[PDB]
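S.K.: What follows is the residue order along each chain.
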Amino acid sequence: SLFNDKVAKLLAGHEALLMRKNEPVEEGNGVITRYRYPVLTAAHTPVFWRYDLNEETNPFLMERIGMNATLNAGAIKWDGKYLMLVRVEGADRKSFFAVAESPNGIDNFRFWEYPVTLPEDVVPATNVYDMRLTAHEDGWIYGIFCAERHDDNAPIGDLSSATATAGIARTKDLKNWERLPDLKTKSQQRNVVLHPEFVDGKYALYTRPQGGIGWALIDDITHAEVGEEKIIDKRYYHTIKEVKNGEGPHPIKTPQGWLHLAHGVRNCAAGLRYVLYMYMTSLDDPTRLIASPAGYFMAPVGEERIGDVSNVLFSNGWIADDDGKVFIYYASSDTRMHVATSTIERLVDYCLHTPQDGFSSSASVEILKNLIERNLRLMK
Amino acid sequence: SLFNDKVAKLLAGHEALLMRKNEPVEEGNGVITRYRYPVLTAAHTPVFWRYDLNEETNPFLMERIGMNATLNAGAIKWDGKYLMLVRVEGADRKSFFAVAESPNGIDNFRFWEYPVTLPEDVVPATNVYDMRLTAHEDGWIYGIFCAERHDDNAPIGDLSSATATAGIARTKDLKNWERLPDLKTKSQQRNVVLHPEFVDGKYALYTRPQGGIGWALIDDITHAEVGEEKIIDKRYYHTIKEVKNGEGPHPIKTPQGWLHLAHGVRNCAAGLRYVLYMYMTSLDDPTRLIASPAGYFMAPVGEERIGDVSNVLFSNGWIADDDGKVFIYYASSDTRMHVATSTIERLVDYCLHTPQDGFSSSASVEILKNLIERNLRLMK
Amino acid sequence: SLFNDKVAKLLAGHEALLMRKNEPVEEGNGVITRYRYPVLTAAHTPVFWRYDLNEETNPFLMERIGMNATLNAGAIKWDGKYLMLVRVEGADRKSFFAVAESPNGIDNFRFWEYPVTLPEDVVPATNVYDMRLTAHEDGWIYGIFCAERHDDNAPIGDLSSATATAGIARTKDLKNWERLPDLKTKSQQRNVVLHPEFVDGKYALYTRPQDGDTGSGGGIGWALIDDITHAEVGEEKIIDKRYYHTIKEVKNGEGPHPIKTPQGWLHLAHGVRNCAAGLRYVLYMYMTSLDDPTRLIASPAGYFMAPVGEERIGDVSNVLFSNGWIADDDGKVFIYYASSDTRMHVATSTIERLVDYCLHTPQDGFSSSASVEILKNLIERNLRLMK
Amino acid sequence: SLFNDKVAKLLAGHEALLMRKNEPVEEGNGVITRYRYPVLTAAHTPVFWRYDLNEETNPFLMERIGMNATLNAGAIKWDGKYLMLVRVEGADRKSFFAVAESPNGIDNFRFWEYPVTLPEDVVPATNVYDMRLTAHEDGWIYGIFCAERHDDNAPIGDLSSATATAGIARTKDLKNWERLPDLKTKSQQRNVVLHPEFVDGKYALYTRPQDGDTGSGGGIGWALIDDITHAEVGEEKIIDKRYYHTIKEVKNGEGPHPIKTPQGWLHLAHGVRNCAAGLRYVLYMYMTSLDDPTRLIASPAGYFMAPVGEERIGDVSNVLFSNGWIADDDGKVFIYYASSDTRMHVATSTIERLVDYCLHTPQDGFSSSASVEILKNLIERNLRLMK
Amino acid sequence: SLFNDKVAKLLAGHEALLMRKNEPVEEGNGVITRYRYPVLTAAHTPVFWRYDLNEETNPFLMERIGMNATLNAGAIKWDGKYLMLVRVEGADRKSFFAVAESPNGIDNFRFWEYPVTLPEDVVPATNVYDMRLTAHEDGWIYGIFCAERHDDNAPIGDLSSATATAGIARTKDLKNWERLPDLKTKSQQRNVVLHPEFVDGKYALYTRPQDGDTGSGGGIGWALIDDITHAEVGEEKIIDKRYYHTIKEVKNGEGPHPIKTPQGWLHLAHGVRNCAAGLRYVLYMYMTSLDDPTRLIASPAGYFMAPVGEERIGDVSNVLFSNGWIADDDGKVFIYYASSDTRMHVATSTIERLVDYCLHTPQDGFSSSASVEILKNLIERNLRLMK
Ligand SMILES: O=P(O)(O)O[C@H]1O[C@H](CO)[C@@H](O)[C@H](O)[C@@H]1O
Ligand SMILES: O=P(O)(O)O[C@H]1O[C@H](CO)[C@@H](O)[C@H](O)[C@@H]1O
Ligand SMILES: O=P(O)(O)O[C@H]1O[C@H](CO)[C@@H](O)[C@H](O)[C@@H]1O
Ligand SMILES: O=P(O)(O)O[C@H]1O[C@H](CO)[C@@H](O)[C@H](O)[C@@H]1O
Ligand SMILES: O=P(O)(O)O[C@H]1O[C@H](CO)[C@@H](O)[C@H](O)[C@@H]1O
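Protein chains in written order, with the UniProt record's numbering: chain W, 2 to 211, 221 to 390; chain P, 2 to 211, 221 to 390; chain R, 2 to 213, 216 to 390; chain B, 2 to 213, 216 to 390; chain L, 2 to 213, 216 to 390.
These are calculated hints, taken from the structure and not from any lab test. Even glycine gets a Cβ: it sits at the ideal position worked out from N, Cα and C. Don't take every hint at face value.
[As the list claims (entries may be wrong)] Which residues of chain R face chain L? A few of them, derived with a C-beta cut under 8 Å, are:
#, residue
1, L62
2, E64
3, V123
4, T127
5, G281
[Claimed, not checked] From the derived model, a few chain P residues whose C-beta atoms are all more than 10 Å from chain B:
#, residue
6, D6
7, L54
8, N109
9, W141
10, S302
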């Protein structure tokens, strides 16, 4: 029948999309390797999420639930597989979470047949987004995310003013999630991320109160409340992290220190511009900066530049294999998910040996002239 | 001569552009079919609008009047042809109206040799735009449009603050236009559209006072003044119509009710984002909502994402043929005109059977899980 | 596992290929419409024809039986579907027959899981090819094909000399084939095709007699046969002749059996000429009378189709060939033609358009001067009109 | 109406094709510059040559007279324009001649509305082709071409054997052609070309005698003719010879008539060799003396041009051929060459560059060892320089 | 200056071409992996082979010595690098040999600055081609190649008749070549290749005897030679035979010398058949016994590789040819094959995969019926599995 043929073609085209082999982009900077194709797009969502496949109730075979974007994904290595905790945004403008898995980390990502069922906390949330997964030493996988609600204090007619809390959920199988109480805090918090080890016998969170990225020790993750907050990485005038910054995924432990991936924001004539940057902190004291490479680590290139919210890169997930290979999962323009690959050694090299920002054009020129001089002497 | 050869090539290239066959995009969602090429672009404007073709006064053969964009077009089926009432924006940044016609509705649109001569109302307007055509049962074709003027109340140096009225013109041939008085109203009005039937023996307008899309009965279209205004379709926090919405073309009458096409706006880091959405109202009471499919009906895809004002779809025109075929004319990024095709039956199906927005991530997930469950049971 | 993933990808990519929607080429001549993609290629053969899918016996997952080409296909409308009787050439250089079916006639052709099992006649054949299907009024589907054998009577070291007979098989399900005796004949025969109606109560074959080398072979012939189960040509009449400096100079041959129209029998054939690059094969058409199928009533000049674009290149370049087409009740015609002995294409038209083409394309006057006069006549008419 | 819209689209698309600006290919060898597009293809022939534009007689708007190829064109600068004398091959396999003109020489070639009306000589010809135009000092434009006829003296069934004469026509407007008697000759003649100056007060032809098969045919010949209106070759001298294992091994032939330069006559020819795929045709150049046009003074080794890219493929693949070029007063040269007997291309150079190429491309020493020594000499010079 | 800028651009573009990273083609058959780009083309030859870079003597900066093709390359692993012994064909139609080296085997092949200087044997040769390199256990690298000469004993005008001997040269640095006497033989010999081990204390050659025309030539032969410095074939045994209606019907010939594996000698050859477009060349494999290298132990049916895509087209289209491959210690195999006598490609595999292919690709049963039965067996196994 024509209908059954149409369904068979939808499924077949979908498998071909899902199984497509990714290829590295051979032109790069020696730090990260980009890939030809996104790892996830709205089109990667299962056909059976979008279409009613029953001819009796959907004779025209049209989509019943539109999917708009797959972005800002958390990430975890799980029972030998590479997993993203994807922020999926429907056509209805709500986001929800969904696990997608790949055998190799760069392609053949496929969503689990059901998305994430996330219980509400005492106060229901309208939107949930940007989950950071932490396999904590206490044996739980924590997902720390943004829980957004309409701002009650807003003037009538204002349907846009919003408040956000740090939502805290934990799981041991990524299917059954226990919702702990929202992070209690005096200042509003976004980009909250759980450090994977106890520090002074306490849970440690990366925070962004709304100075920069902060550090807060928490006695009880099941009754989490920020008290003291220490700033780790600061905003600076005329850098890539001028207006805002925020921690991405939780940092990777290396013998040289904690390796961090964050985003920085500035304002330009086209709106806000988001890029990724890195920093390192000490193993002895994770609050202490030990590497501050100047500038951005990654910025939108090519197709990445354009989407629902253009001029944005964002990452809240990466995976480092035992052999040192690193898979960085980053969204572009709040629309799609990409992967970039590197190694711990290369990322540490980049962090340690990219000159620090001297904070002015003159300083930048002197750093550059020093490198040129060395190279010309070599090339002679 | 070299000049005459150059003119002959301009005309020949233009005819080739105008006559190019459009092709449907085979990948779609079963609701609407997109097409490979725009139906109109600035390059579609006649060569003789842009160039002085006289070698004596234009020996270099350069454009004398630049055309920048062809957007936000009204639409009407006219004496067997498919017509757009195009908003054409010159390089001089002013818009004017111009009729363009096609024999088939998807390609070979060609502008009438002269654009629209639109008489001013008592107070002259600086810009005119976004005309909605209504073949009213009173025998007139009405064009309801935006008439924009500089805001007199603005502080010195402010050359941007503007006011807008709803301009009202009518015609029986789309060449000779009678300008009626601007809509009188206490609140500023935009996206005003004439309903094609009398209601309670009165003219009925779709309005957007500046809550949502409104309905206003008007005794006399030649002395039009809004009194009572009823809200039909509301803005909602965290939907595609959060900050603004507005009626597109006048709705299509179907046996199931009035079929509406509108736009919804939200704000993001890149500015305002415009998408299209649909709703239905009752035949018995056109003020009563009877279908509210969740989310967007169409959003910018591919080339649509980029233009003078990126991240925008806008429609103020569509045509439904007697056989049920629907031609939807939508602009992308305030730059070019596109066509999408569907049918009344498919659009009604989409409106009735796309689940309503439950207004939260949890609700969205439950709706989705219900569909997944049905499909997996089927596919077993 | 990695192996199971590899198999899954092979199958998925294969389904994506098989299901790809064809699109017409909008640039055409108003007679036929070409399509963007071939309807069949070697890559369309099932994955399970080429690979051993068992990890134990094929751990590297390589092809065990290479497929080289899908060409020269017969065709028939069958229980509501569009069927090709494909000549499939393996990497081993042998051809065999295989049914492939489509719901619409222009795409989504899929091979039946098993190819054709064709019993040998008394003398075994080395290669079999180019089957023409005829749903004859006697209730059988006949396939008439070429059965080729090495010429044992060859100089030592000559492993190329061959002979060929017209093989005759019949079936009612396209799975179980009965092999009748090879056509008996004094000349070598090729491109033999069964006419679908009895004529004077006899079976009628289109023939192409030739000495080996065409030699004295005059063209496409007509032979009445008393008994298809003991077929032997006696008298044969030439219906469509070769001509110097036409597209059918060196050889010609009937393609599929002709289509009956109210205006006469509509024929599709191929014509051959020699050039510096070898032999060049194009398609051409002609019509014969309903009253007397041996009588030519339409001879449009020149070729009907010739290799265009990708068609020009393959194992045997500069060749178009057809031995199958389907005409639906509504007049729509699907022409299945191979290019360069490598792949199968479809072209579409209608009976009315093909008849128009045959009747109104001027006949060949056989010289440059004659060609120029015909052309000048048309130019003169057009220029007056365009005035 | 739908029909009128279809006609309008045919005409508009045709004008867009005709007016397309050509672009040079920036990758080259410094001798010639190739161009992105052909200057003529079958699709360049007027819409009103191919379609009947009258709805009453062609309601489906199909082509009535198919055009297959535009090739082997003569050329002449004419009243300020660049003209090709095109060999146009119809779908009917006959060739005829047609003038096409361009304002600039690299694009916007358009056929004159009518093709060439060429009167027959006393014995009618079946095919006519490959015309070389010579604006002779006697005030006439001559076209010397090949007139081909079937060889009546052929075995039965042989419809391919042909004979050919050198046809001679002259004109002063390229519309009204007077047909002189075919060249009388003891050997078959092909690629005959008229030298543009009297030599010893006689007409001089470039010739290419051959037994049929070239056979004893030594190469490109020179024959003095007393009276062009009663042309008969008596004595002929060979000017440019075939050589084993060069690009002109099996056959060669003059292309257009040579260009006079202060250094001598600049010649463009083609050379043929046989390979596994058939005959391979490339272009080559040579120069002869002003004092004695029979005397070779430059013989650059190897080919001047060979098929590149799209040129490699057509009705007769692996062929380049030229019988026309134009040199402007400023020294710019437009070379019109066909590829694969299918389409026409242009390549540009200058007289100085072409003379440079002929004089300084080392002569063929006729062996691998000799080729290596020439190459090692150049490498040695370059490496010293690059030091 | 403009000239110096032009030279700089030539050199820079050349380096960009030479350094381009090759990429594997992900669509394959699991046996061999093809690559997106050729490893060598005529454009890969050094800029200083083709252009005179001196402004004083080449002010227009044109090529003085055109390069036409890079084909049929021998190959050897050499001091850690991957080397091709390339047959380079000039525009002058002569071939000569030239070493090109790569660090990785799939890209960045660069010609040595000078090509090969090969001394003549007592009788000079006109063309030399197709060298197979053998690192023999006697400590020499031998190159066995074809040395071609005009057949002086030809009808007048015949400049195409040729004879060819097997040329024998040896070297220890690939720069200084000693030319031994041409192989003495009663039949013409071509595709002669040196086996890398003594057999019964003698040198062993793969041979391909033929009357001219292959004629009585049975296939690929084996000849024991007492003294490589005075090589003469006495008795020769045929190892791999031609067969009617296979890919090696008309001709066959050994490619590079075989690879020793624990399972036997792994052979790569080419096979030829005739078709309407001329001769068609494909690659095939076979294996012989370690105990007795004359004894066939594996004969996979059909072709190993045939022209795909861009490979189909060149100076001599429809040809694949290989006379070189390299197997690394880890089992990785680099197969260097020419397409269409025009360009060089690489394909990769492993010894295990190639052995798997040879052992488990079913043998040719030599008929359509036999091919169908083999295929039906595999289909039946697969369908059971897929259940
Ligand atoms: O809180 P942040 O650091 O400013 O990030 C926010 O903006 C990003 C860009 O739109 C989004 O990608 C994020 O989801 C988030 O809404
Ligand atoms: O009044 P609205 O609904 O906000 O629409 C306006 O913005 C659109 C997007 O730039 C424009 O396309 C429209 O022309 C209009 O100016
Ligand atoms: O018998 P014919 O008319 O000469 O056709 C033959 O040649 C064709 C072209 O190679 C092949 O396609 C055919 O299969 C056949 O071998
Ligand atoms: O006479 P020549 O030199 O062999 O040239 C002939 O062959 C050419 C190549 O097919 C054709 O292009 C020519 O028209 C001609 O038929
Ligand atoms: O001797 P063989 O086996 O017939 O091979 C010959 O033909 C090949 C194809 O043209 C060429 O590639 C070879 O160089 C050779 O001329």
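S.K.: Hint by hint, note whether the structure agrees.
M.R.: Consistency of the hints with the structure:
no.	hint	result
1	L62	5 Å, holds
2	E64	4 Å, holds
3	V123	14 Å, violated
4	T127	5 Å, holds
5	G281	4 Å, holds
6	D6	7 Å, violated
7	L54	17 Å, holds
8	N109	8 Å, violated
9	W141	31 Å, holds
10	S302	42 Å, holds
Hints 3, 6, 8 from the earlier list are contradicted by this structure; the remaining hints agree with it.
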